[PDB]
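Form deposited in one PDB entry, single chain, as structure tokens, below.
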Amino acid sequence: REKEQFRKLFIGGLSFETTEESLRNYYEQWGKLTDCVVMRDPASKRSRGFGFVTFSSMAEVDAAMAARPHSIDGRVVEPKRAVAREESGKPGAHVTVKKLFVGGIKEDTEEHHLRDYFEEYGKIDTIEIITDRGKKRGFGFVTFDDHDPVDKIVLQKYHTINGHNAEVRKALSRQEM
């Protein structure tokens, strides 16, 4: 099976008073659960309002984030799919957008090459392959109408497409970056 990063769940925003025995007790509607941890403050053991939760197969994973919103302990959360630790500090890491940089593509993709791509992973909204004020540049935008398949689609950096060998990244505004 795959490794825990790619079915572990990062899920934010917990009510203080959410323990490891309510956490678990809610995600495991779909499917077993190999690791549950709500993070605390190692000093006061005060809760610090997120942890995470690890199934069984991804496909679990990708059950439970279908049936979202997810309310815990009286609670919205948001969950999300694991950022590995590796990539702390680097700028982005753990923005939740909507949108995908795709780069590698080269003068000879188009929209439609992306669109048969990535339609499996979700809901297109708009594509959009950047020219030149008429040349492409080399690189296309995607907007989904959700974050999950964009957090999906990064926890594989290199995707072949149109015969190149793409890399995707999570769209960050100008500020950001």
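Rigid core: the largest C-alpha set superposing within 1.5 Å between the two forms. Residue numbers count along the first chain shown, from 1. What changes on going to the form deposited in another entry:
- The only C-alpha among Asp35, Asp41, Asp116, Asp125 that moves by 2 Å or more between the two forms, given a superposition on the rigid core, is that of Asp41.
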The other form holds:
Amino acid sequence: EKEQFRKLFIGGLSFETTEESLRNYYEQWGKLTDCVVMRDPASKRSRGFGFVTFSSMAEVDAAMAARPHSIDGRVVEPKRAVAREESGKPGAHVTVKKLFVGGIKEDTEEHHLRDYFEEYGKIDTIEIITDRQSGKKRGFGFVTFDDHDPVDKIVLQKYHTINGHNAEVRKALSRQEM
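Could you give the coordinates for the form deposited in another entry, as opposed to the form deposited in one PDB entry above?
We keep it simple here and write out only the one chain, dropping partners and molecules.
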């Protein structure tokens, strides 16, 4: 478990929040190997966000299942840290409840996706996409969860073995565009 699999961005922090209270707070779900509140170099004031890193991906998952999170009188806004290498890429920092899944071919059905994806989180809807004219399966689908974190969690692995296929998953982007 490389650090980017165990690291959370924390947004919406009180400007009073320090590394200490961030650490105290998040250590109820485990050991932290790193913790920072980001500060303005000139004024030394909190920029309103920080990062925490747990020792195991188990602990991140327990923290994020354990939401919402309040610290210093504010509900904060945690999200899995997108790899630095990915900054500047299209949709890198997008936050969405909907997953694109491609490479599922013409034999994959709602239940195949429901079976595979349900232990990541609560699924609201599964859409297996068909041609409007033929009704043939187009080889891709979308899964919509009740929260963004299953999506964020799922896409840290690019390929998923679903119904005998090595499917690629991505954050669902708007049509719209795209």
